[PDB]
Amino acid sequence: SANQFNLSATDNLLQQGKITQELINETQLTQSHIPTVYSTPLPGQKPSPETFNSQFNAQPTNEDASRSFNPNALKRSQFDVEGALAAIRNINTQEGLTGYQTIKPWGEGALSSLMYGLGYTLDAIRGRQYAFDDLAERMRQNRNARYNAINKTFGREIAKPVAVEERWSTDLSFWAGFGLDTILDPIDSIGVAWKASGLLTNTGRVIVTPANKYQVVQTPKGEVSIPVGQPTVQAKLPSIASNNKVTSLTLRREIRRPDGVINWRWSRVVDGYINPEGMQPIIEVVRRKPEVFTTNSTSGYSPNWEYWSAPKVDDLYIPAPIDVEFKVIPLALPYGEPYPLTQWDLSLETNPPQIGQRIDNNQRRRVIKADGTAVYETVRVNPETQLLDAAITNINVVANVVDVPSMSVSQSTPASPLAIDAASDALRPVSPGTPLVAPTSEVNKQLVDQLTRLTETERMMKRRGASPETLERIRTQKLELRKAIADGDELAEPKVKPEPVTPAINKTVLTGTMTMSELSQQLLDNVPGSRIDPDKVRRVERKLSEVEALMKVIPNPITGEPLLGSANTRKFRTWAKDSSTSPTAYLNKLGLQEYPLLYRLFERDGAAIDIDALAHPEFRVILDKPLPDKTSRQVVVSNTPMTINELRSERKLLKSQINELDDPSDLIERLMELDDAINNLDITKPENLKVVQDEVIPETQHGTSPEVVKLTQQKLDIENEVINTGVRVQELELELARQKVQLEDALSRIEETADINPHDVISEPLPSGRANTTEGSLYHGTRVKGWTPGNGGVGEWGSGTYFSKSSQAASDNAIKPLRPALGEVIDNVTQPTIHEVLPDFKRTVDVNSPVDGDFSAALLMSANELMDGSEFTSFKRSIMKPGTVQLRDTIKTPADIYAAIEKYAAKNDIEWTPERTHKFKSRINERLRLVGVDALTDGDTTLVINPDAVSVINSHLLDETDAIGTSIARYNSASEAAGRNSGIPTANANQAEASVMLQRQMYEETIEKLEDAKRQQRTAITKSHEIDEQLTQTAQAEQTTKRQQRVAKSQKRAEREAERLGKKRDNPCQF
Amino acid sequence: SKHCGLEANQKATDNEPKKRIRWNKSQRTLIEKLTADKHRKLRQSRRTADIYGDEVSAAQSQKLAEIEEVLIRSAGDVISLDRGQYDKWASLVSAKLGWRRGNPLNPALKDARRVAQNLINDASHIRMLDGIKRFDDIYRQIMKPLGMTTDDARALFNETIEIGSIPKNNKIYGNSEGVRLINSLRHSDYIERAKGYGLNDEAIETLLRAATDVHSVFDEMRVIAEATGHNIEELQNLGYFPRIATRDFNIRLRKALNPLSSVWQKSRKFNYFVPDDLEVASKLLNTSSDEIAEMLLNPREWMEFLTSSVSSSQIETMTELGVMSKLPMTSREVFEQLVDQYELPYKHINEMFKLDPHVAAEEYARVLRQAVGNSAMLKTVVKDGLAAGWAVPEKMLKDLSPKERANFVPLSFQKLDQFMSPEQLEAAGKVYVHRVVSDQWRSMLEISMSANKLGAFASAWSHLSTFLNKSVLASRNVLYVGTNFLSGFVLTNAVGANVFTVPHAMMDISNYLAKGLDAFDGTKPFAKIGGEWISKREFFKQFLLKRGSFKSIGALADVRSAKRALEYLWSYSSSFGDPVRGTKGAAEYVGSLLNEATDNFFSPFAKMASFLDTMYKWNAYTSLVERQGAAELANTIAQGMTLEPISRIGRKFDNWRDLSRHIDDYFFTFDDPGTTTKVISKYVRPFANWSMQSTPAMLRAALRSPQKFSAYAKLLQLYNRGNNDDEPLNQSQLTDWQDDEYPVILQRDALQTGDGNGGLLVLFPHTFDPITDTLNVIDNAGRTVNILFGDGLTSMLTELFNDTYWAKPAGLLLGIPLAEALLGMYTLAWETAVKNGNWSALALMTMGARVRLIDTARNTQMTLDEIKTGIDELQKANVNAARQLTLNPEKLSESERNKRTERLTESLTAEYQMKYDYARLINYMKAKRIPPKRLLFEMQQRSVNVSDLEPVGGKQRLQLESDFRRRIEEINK
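Chains as they are written, first to last, in PDB author numbering: chain B, 114 to 154, 174 to 251, 307 to 317, 337 to 406, 420 to 430, 464 to 514, 586 to 653, 690 to 721, 855 to 1133, 1150 to 1279, 1418 to 1717; chain A, 2 to 108, 121 to 270, 292 to 582, 604 to 845, 864 to 889, 912 to 922, 969 to 1114.
Everything labelled a hint here was simulated from the structure, so no lab data went into it.
A few of these clues could be false.
Here are a few chain B residues that face chain A, going by a calculated C-beta distance under 7 Å [what the hints assert, rightly or not]:
| # | residue |
| --- | --- |
| 1 | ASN1228 |
| 2 | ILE1231 |
| 3 | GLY1234 |
| 4 | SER1696 |
Restricting the straight-line Cα-Cα distance to at most 30 Å, the calculated cross-link-like pairs of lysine-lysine (DSBU-like) are [as the list claims (entries may be wrong)]:
| # | chain 1 | residue 1 | chain 2 | residue 2 |
| --- | --- | --- | --- | --- |
| 5 | B | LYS1660 | A | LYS64 |
| 6 | A | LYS413 | B | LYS1688 |
| 7 | A | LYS388 | B | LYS1698 |
| 8 | A | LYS558 | A | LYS437 |
| 9 | B | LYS1218 | B | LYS1035 |
| 10 | B | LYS1710 | A | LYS618 |
| 11 | A | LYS34 | B | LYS1223 |
| 12 | B | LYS1081 | A | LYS34 |
| 13 | A | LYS64 | B | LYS1081 |
| 14 | A | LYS763 | A | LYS89 |
| 15 | A | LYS1067 | A | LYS1040 |
| 16 | A | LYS1074 | B | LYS1709 |
| 17 | B | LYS1710 | A | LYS432 |
| 18 | B | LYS1081 | B | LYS1223 |
| 19 | A | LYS575 | A | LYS549 |
| 20 | B | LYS1695 | B | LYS1710 |
| 21 | B | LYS1163 | B | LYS1218 |
| 22 | A | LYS763 | B | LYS1698 |
| 23 | B | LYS1698 | A | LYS437 |
Calculated Cβ distances over 10 Å to all of chain A for the following chain B residues [unchecked claim]:
| # | residue |
| --- | --- |
| 24 | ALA122 |
| 25 | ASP637 |
| 26 | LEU1016 |
| 27 | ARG1023 |
| 28 | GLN1477 |
| 29 | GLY1529 |
| 30 | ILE1537 |
| 31 | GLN1663 |
| 32 | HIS1671 |
Ideal Cβ placement from N, Cα and C applies to all residues, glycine included.
Work out the full structure, taking the sequences as your base and the hints as a guide.
Okay, here's the thing in structure tokens:
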């Protein structure tokens, strides 16, 4: 189009540049368009009426210091006692007042303005006129006992936290409340009324649901190796013994031979039979609805069993589906216990075998300071984060899961969601020895990916003309995978499986998300090689019913019963720690103060809870998200399903029964149901209304008409709303203050490190050259549209294209944002893409190996070419021995050579910039490529210098996330880079910068949340004020009417009495 | 009195004090609940401190801020109601400055820090009170011209005090946006209300500035204390500590290593707060003075103490001793519950008094006046006077009275126009009666209308009846003694004596009749009479001289008291039955007791009547002479209470002869240089006979329950300022009663607007025994306890009412229709027209609204049947008179013939007038077909006179003229 910018005719023509200089008026266009130039044309004094009247406004000032960071802050905010003394003394030198005992005059609003107005606090002064249960110390003692070498054993002693008088207001010890019940009453008015009436050692293992890893080795071919401890349990199926068992070696389980083969979506499939006793046999479901169980045929459903019976040649790992007995040839069940149950730890990281690969079943860092010395810094974790992780992250979180490899679906199996998924081939076990399962579509996609990978491997082998044995084995593997896609033929069309009917729940719901302040506190102590889980930071505002359902699922660790009864509907209306109708208050009442995990799991801001998924008898817990290497690891979990005076009398009596022996417990459930009954009483009753009106409601708002009672109910409800919103705002403000303090601390700490990070360096793309064993597959994550291995990059080692052995690192590199310097150069950007390559290397130099002669020759040639004679001599004196050409004894690896180069560059900070250092490393890399070195790699990260050495295979797309996920990915990439290259100060500087950036982004997110919460608070407060005003008006009208009626009655009685004694006095003795 | 029982004989009056002060331990004041709600809402939206220790400090500071706001708002609410309550409050805190244990701010004592802290807290209390007083002065100055109701003014005062604490709450709670929003909403509502009330911006700014200055006192004091390292000298120099209180505390710290009559007299003498006054309350409550002060400083604790460990009798005694007028009230709840305790006859007046006392006093006066208007006496005075004969028509005075004309005076006065209808004023203005008669009637109207006099009478009767009831023998004639008490009260106020000094005399005789002349004062001047000052002992001795176990009982049996007792007995036995058996004639009892029944004179009834009359006469004698400084003002006020500008027609009497003659004039007996016995028996004593039967409504109600009517003075003990201004107020000059050591307090009235703007209030405990000088209180358990005030009255009443009889005192020598009432209301060229032998008079008088005597009869509130009976009786009387004059001459005197002829001709002319009027009324009756008695009221319902009626006949008029001419023919002859 001719108006692509949607400008006016003259403006569009000017933008195109089609208007000549002669027709242009310089003054008008200078004043209109913007390539233009710019041009610039007595402390006791009585406060002024403006200053005094500004003290009552809701928004008197719009000062915003929330984004003004001062790393060297000298915060000493103290109440000016000397200024107050000066003002008082000045005031007393005026005209003395008369007619009062106190003779000195009055400062008209000056003292209140000075002591309370704006431009070691006053509360300390007021507190000079007048124990706590330290939960953190007790938890630390318990965890130290658990960590002791005698107890069990990986002992890491937690440091001692600061005193409770100086501890942070959001720390671990204050999750159960501040412990101020003795000083202040609960914030709810109804709670105050009930209080006045009187009605109100292996802890490291937590049970959450009601009652290993394999390494890969480049082989002569692909290896699925395995840490060898023996099988705590062999996954057997004793259901049918003797024959019809194969016991395939790869799967480490027994499969069935084809001789013994004699508006919820789940509710839709079963057609409404969702009760736990009225489920119908699975066979009926298959017969009635075959269009969801058959391959779009009339009557020929047939679960193939020949394939899984035959042992997999070349030990190909294709997870067989859950076995099924009934075969289709063309009733209220108790539902218990049709599946075997086992214990699974949710916090353990799972590394299952690679699908399609062979199985053999049987800290210190160097930092360059500002002055220019590269001293080491032992890395350590501050006591606060240590205690937090010991209380939440380091504990054992267990769940009751269905043992899939030992489970079988029979004829009399109830129509459970797991039963439907197993019969429909939706979930397949993946790890041989654990109940981990994955959707079948994931396994099919992994098989397809392996098929493509080894097909291109076969093409490369054909091009190289390798030995016929390798070609034949690759052909056999290809045929095996192609058969396994369809499972029953070589010519059959590939099959697509349906979505499993079992709902999925993210494991963070059962694990707990870390708040942004705690995450930044962890970030304050950068530990190389660590990773931040993006799902542990993603929090969403919950609802009361969702938390109620979650506690209905989670059982009480003390007794094993569910935390909340199945019939307890709407037991919570408040989120406050200090209230009485909140999850924190309920957990404190139950006495579960030693379980901070329970407190974290039931907070207002946590992971998303889907009520339907928890309502189902069986639901999936997702343990790790899908990756191009590994399927989404999931587990399957099975769910096992009066007046005020009277209540006071029983509550007093119930506690009295404690003094005797009675029964073992005899008290918990009765007291709980009694307290729930007290909680859910009605207000409209005259007795409760009288008690509340005489306890909390002022006399000006007393009444009995329906309007007054309704307004009282509305007042209590809006008070609850105010409680919730104020608590949310307070928590967000505390988190914001903590994040600001920690970000200022991080900035102050990073200001001590020299600026050597090459974040504005653009490496030239790598030019192309002339150009039997099978290697693995390298991964590269990028956001650049039209990426080729010759693009290269800028890193610690130098120019070249970086590839990662682990798909996790490449995925993290794929979501990290394009560098701001590189953003101005890259023309087009796209979705986060992960590119496959198979390495084809002739010679490879290890970075953690002794330096060979060729590397030294390249180093010397590069230094001679780039640096001057004096600089070259200084470098030689710095790194080389005084009398020989051989390297110094302290320098032995190319990584150490890079560290020495960085140290030399930082020594001459004046004339050496990160660009020049990276150019020197790049020149070293080009000289190495000239020698004939393809790439530099430690095990995991390969720096390809010659783009012709790799071939692109496939591109995997990732979902574009928000800004905070992008920052988390960038920090993860920087941390992994630092973890590999611990000795290079550039990696540590990059990690520190990434940490600060992530903290800043989290601070911005907290600001947004705080603004939302403040708006909600304003709405709630205004509504509460309106309700209180209306209630006062109505009650006053009622009281005035009643008083006027009584006055009229009294006046009429006076009239009658006066006329009665107004006739005569004729009664002898009656007055 | 056997025409009764032991039941309904003691139930006639009530005397037991009921308990109406209620305060459970779980009750909270309105200010406390409001502040708790507001601070809870503020706490829900606070800004939590970022460090836990700072959070704990903030929580403590917030609780303290709530406590201080409660204190400030309560004090401001108290000061807004009664400004003087500041002086009683601060002076007590100044008394307890330094050693107050129980201060709400604070949750061998050698630590200087704790002593300094207590001292600083008390100084903060005093400075807060001073600030609230300054804010009150500023508020009054601003609100003087706007002119809104007192309830709205107090509501605005409380709201301003609450809103002034906005900066303090904003800073204490952390300047959180929610806290500022809540306080801004409250401030905006207050601004809207204030601007609606008429305040401008500058006045609102000044009021808010003063309130915010008030609220910042406590933190200012704490900053001062902490900044100087607790330097008491510098704090005193800054002017924060009162100098006198600090000096007293210093003296107390360095020092640290008695009849009730004196302390009570000292407490009464000073209007300001006196610490020894607390000692008085120490004796009544069995409680130490320090403990009483501590309870007083804490309102809820004071209410609990009052409602739990103190009985109703103790509260009544304390209030009637004037203690409650000086003990400070620390919360509005104290004032409201004390108002609830003193129950007026109607609770709605107490309800009005709780909010606005001035309107309550006005409503009480209005109720009394309204009950006066429809009373049994104000409607039938004219009817009963002209029937019993004790009222003489104006035309009859011309010829009836040779000398007694000087002893006759009209009934109507200037202020009577504001009680009765103007048409009834015409009828009342045509009546002339005896001077004592008119004064007694005016006094009966005065006592039953004024709140002050009614309260004084109620207090006196309460004391008398509550000391009569505890005597088993004397309790059997409560109604008789009350009736005599009321009659003597009316007589005494008719004489012009000081009503409010009646209790004093009631003690004095009670002393003398028990002790002798020694129980009086001979050393200081008492009253100026004659030409020199005569002491009280000499005055009483000369009183006894000129008048006519227990020593002086025989002094009651003298010549003068026997006749008075006979007169009282005659009145009682005429208006009701005998005091013995009920069914007994009026004259038979006195005749039997006089002409016979030797040694049986001076019955208990006669003894009690003589006692009462002696006490009233003593009161009149002390009140009618020129007294000393203290009693002169009270006497002058009592004289100025009279309705007419002149009942004071010089009753200040200076010599004994005139005063004795005046007293004998107003005390009848028989014989005496006094007009005649017959005139006394025909025109004066029948009035007292009728008055005994026609007591007003309010007097009967007060005599039925006297506590409810002394409740007026008990209420005014709490709030006694005027609405107009505070310029004229000198109640301290009246309280300096040096004449007697009796516990009677005379105060002035300021709530009434008119005309009782200077009324007198009597405070007299109902448990005071004058003979033994003790207070007989009833403990909470139920055991009577005697308290010294420096065989009591019950013994005297038992000995007055025993079977002992006196033997022939002094003399005992021997016994001493409707038509005329209808005629009595009848009222130049007229005399010359009708002088003698004229007939045209009818044609010159038949028409005329003034001549409509039936209108006057209707205005008299006379029943139609009574009017018909009177007309028939007049006809019969004229028929008899015609023959008895024409043909039955007892004395054929020309002058008597002419006089009786004129009288009967006028009666016949009135007969014709009312014949025409009643025929007209019957015509209207048959025209409207209505029941008769209803029509009698209906006549004043339509406010129609007979003038507009024109029901002419043509036969009725002819026959009426014919019969009238036939009547007058032989009369003229």
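Each hint tested on the structure:
1. The restraint placing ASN1228 (chain B) at the interface with chain A is violated, with a minimum CB-CB distance near 10 Å, outside the 7 Å limit.
2. For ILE1231 (chain B), the shortest C-beta to C-beta distance to chain A is roughly 6 Å, which falls under 7 Å, so the interface hint holds.
3. With a cut of 7 Å, the hint placing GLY1234 (chain B) at the interface with chain A holds, because the nearest CB-to-CB distance is about 4 Å.
4. Interface restraint check for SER1696 (chain B): the shortest CB-CB distance to chain A comes to about 4 Å, inside 7 Å, so the restraint holds.
5. A threshold of 30 Å between alpha carbons decides the hint, and for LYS1660 (chain B) with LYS64 (chain A) the separation of about 25 Å falls inside it, so the pair holds.
6. In summary, the hint linking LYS413 (chain A) to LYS1688 (chain B) is not supported, as the alpha carbons are separated by about 36 Å, beyond the 30 Å threshold.
7. A distance of roughly 21 Å separates the Cα atoms of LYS388 (chain A) and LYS1698 (chain B); the hinted pair therefore holds under the 30 Å criterion.
8. Distance check on the hinted pair: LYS558 (chain A) and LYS437 (chain A) sit about 44 Å apart at the alpha-carbon level, beyond 30 Å; violated.
9. Taken as a hint, the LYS1218 (chain B) and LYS1035 (chain B) pair is honoured in the structure, with Cα atoms around 25 Å apart against an allowance of 30 Å.
10. Between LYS1710 (chain B) and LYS618 (chain A) the CA atoms are separated by roughly 28 Å; this keeps the pair inside 30 Å, and the hint holds.
11. In summary, the hint linking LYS34 (chain A) to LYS1223 (chain B) is supported, as the alpha carbons are separated by about 15 Å, within the 30 Å threshold.
12. For a cut-off of 30 Å, the pair hint linking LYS1081 (chain B) to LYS34 (chain A) stands: about 28 Å separates their Cα positions.
13. A threshold of 30 Å between alpha carbons decides the hint, and for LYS64 (chain A) with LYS1081 (chain B) the separation of about 25 Å falls inside it, so the pair holds.
14. For the given pair, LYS763 (chain A) sits about 27 Å from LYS89 (chain A) by alpha-carbon distance, which is consistent with the 30 Å threshold.
15. The suggested pairing of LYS1067 (chain A) with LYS1040 (chain A) is violated, with an alpha-carbon distance near 40 Å, which exceeds 30 Å.
16. This hinted pair checks out: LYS1074 (chain A) and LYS1709 (chain B) have alpha carbons roughly 17 Å apart, not beyond 30 Å.
17. Among the hinted pairs, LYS1710 (chain B) with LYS432 (chain A) is inconsistent with the structure: their alpha-carbon atoms are about 33 Å apart, more than 30 Å.
18. Only pairs whose Cα atoms come within 30 Å are accepted, and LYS1081 (chain B) paired with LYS1223 (chain B) is accepted, the gap being roughly 27 Å.
19. With a C-alpha separation of about 14 Å, the suggested pairing of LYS575 (chain A) with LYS549 (chain A) holds against the 30 Å cut-off.
20. With a CA separation close to 25 Å, the supplied pair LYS1695 (chain B) and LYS1710 (chain B) stays within the 30 Å bound.
21. For the hint pairing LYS1163 (chain B) with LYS1218 (chain B), the CA-to-CA distance comes to about 35 Å; that exceeds 30 Å, so the pair is violated.
22. A hinted pair counts as satisfied when its Cα atoms are at most 30 Å apart, and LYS763 (chain A) with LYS1698 (chain B) qualifies at roughly 18 Å.
23. Proposed proximity of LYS1698 (chain B) and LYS437 (chain A) is contradicted: the alpha carbons are some 51 Å apart, above 30 Å.
24. The beta carbon of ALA122 (chain B) is kept farther than 10 Å from every beta carbon of chain A, the shortest such distance being approximately 50 Å.
25. Annotated as non-interface, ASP637 (chain B) keeps its C-beta farther than 10 Å from every C-beta of chain A; the closest such distance is 63 Å.
26. No Cβ of chain A approaches the Cβ of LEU1016 (chain B) within 10 Å, the least distance being about 17 Å, so the stated non-interface status holds.
27. Remark: the non-interface label on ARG1023 (chain B) is consistent with the geometry, its nearest Cβ contact in chain A lying 30 Å away (cut-off 10 Å).
28. A cut-off of 10 Å between C-beta atoms confirms that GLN1477 (chain B) is not in contact with chain A; the least separation is 41 Å.
29. No beta-carbon of chain A is positioned within 10 Å of the beta-carbon of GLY1529 (chain B); the least distance is around 62 Å.
30. The claim that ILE1537 (chain B) lies off the interface holds: its Cβ sits roughly 49 Å from the closest Cβ of chain A, which is beyond the 10 Å cut-off.
31. Its beta-carbon lying about 5 Å from the closest one in chain A, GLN1663 (chain B) breaks the requirement of being farther than 10 Å from that chain.
32. With a closest Cβ-Cβ approach of about 5 Å to chain A, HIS1671 (chain B) is found to fall inside the 10 Å limit, against its non-interface label.
Of the numbered hints stated above, those contradicted by the structure are hints 1, 6, 8, 15, 17, 21, 23, 31, 32, listed in ascending order.
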